[PDB]
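Read the single chain below, which is given as structure tokens and is the form deposited in one PDB entry.
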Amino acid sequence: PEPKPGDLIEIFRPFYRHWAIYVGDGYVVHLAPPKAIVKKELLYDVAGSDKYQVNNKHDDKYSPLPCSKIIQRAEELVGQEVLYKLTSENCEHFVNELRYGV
């Protein structure tokens, strides 16, 4: 089933979860090493063969930003580097910041 634009994507990679944000038409916005940059890539490629799901876990208590703001922000961040560690705590924080705001 296809994710909605703005949906948080939890990719069950072996021994670690990788987070992304769906920005429509098959694409996700996520942090990746090409030292790590914000990339706009195909969900097909980012998920690979790994199991994944939509997980807007904080939607029950927190209110998501309008889907226009989620996409404008996520896409206007693409290209910008992050000099911090690619921890699942940080990958979750990065996407939660895009969906819910600061």
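In this text, the rigid core denotes the largest set of C-alpha atoms whose superposition between the two forms falls within 1.5 Å. Residue numbers count along the first chain shown, from 1. Only residues modelled in both forms are compared. First, how it differs from the form deposited in another entry.
With the core held fixed, residue 8 shows a CA shift below 2 Å between these two forms.
In a rigid-core overlay of the protein, residue 78 has its C-alpha displaced by under 2 Å between these two forms. Core-superposed comparison between these two forms: the Cα of residue 94 travels 2 Å or more. Shifted region between these two forms (core-superposed; runs of 3+ residues, all CA displacements of 2 Å or more, residues common to both forms): 83-102 only.
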Given for the second form:
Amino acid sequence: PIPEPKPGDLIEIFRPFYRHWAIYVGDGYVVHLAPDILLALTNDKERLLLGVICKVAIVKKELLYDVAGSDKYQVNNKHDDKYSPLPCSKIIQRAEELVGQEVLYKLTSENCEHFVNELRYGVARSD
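Return the structure block for the form deposited in another entry; the form deposited in one PDB entry was the one displayed.
All you get below is the one chain by itself.
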């Protein structure tokens, strides 16, 4: 068949409707930014302050074989012509660190208040 990826290789997965990217980190595993959609209403403290948390993605570490499923993929380090990749041991160290990190927005009344204060005064308060 086709040789295994090397550590640090970018993987482009051809899903039926879209292309999914990941990075190889060794021993069968990739790190990738995966969809993880959750909306939750919460009660912050400090009368409670109602809030809305929207999570849309999370960085995961999973086996390439599971992420690819039945979809085909290729190694595609297509920016090696213009950027230096980092040393491969550094790439994987940095990838492992991000695992569990989430993309999320927290919406409370504070956001709206900072928004209008910025218009009235030109000032972003830090409380």
